[PDB]
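Coming up is one lone chain in structure tokens, specifically the form deposited in one PDB entry.
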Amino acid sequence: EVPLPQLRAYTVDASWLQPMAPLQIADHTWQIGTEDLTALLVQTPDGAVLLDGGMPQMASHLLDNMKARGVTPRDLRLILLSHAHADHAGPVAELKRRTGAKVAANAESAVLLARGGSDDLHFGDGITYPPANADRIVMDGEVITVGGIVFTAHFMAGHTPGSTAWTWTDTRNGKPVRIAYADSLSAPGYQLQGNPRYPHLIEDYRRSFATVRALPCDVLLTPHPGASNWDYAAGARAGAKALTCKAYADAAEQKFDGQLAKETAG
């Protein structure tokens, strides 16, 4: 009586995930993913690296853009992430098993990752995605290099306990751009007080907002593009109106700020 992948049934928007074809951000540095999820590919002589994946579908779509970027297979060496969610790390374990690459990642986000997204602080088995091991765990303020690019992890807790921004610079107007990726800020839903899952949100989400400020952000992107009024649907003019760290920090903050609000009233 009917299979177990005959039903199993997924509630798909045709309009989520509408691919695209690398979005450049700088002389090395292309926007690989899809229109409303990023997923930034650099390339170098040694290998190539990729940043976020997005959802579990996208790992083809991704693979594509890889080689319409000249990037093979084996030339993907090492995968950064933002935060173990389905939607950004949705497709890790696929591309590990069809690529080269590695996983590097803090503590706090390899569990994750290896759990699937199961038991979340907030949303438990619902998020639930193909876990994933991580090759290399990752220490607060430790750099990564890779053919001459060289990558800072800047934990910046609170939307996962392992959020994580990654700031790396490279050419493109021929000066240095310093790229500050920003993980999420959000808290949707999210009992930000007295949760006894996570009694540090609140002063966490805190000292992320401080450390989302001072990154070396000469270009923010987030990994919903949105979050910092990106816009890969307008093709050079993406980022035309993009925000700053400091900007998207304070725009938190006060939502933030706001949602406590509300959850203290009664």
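Positions refer to the first chain, counted from 1. We call the rigid core the largest set of C-alpha positions that still match within 1.5 Å between the two forms. What changes on going to the form deposited in another entry:
- Residue 15 shows a C-alpha shift of 2 Å or greater between the two forms [criterion: core-superposed Cα displacement of 2 Å].
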Given for the second form:
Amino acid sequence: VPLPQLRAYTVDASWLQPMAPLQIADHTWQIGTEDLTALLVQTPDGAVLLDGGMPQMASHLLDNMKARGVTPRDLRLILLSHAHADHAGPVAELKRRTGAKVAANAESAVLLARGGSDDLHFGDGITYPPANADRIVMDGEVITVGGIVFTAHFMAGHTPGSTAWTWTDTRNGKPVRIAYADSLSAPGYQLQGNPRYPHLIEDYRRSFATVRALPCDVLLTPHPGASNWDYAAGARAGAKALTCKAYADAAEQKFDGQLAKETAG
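Form deposited in one PDB entry done, so how does the form deposited in another entry look?
Excluded here are partners and other molecules; the one chain stands alone.
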């Protein structure tokens, strides 16, 4: 009886289904797949990418950038929700193929630099090519690209370094406060008395309150389903989107249910 083969990180096909760029606001586009968010924000001073999805999405992202008039040298900055393989997967390759630099908090930078290995909950089960951050950000710090101001809001829980990114774009000339809020799930996590994350519950509870209070005319999430987006629905892709308040409340109710089930288990 040999040791088991390594198991590839396989996902639902919709997570890997390419889509053409979908406009969210005047200068903000969804350029990932049907079920994984990768946001391109285009400024006169270069482009920002928030998340890249899975490791195998790099070429697709570059194709969609080209379709939008963003060449590899024009990509200046990569920001991340959190450093798991299904959101930061292609960052190392993107850095090699573009001018982009990565800004992230210390927790996300440490996890990215180990390619998602030694995860607090997944171990080495879900890894990806490691990448280095070029700039470390603190909670509430802003990064400004072409007069678009991105604010980091730490919302630890799903990962220690989970971050919501907020900025203001326009839509029909009017300002739109966009909130890219990270995942608030705890998939298979041990929540209570976890020796690798002793204050997990307290961090999640603080993160629900953080998300509830974000400036949030439009909420987007790394898994669009979490905020009720349907990237395949065209002109109605965002019609059913949740508010940040509703997203936080739904995540807290689910979390409270998981806590109760863990106590019973």
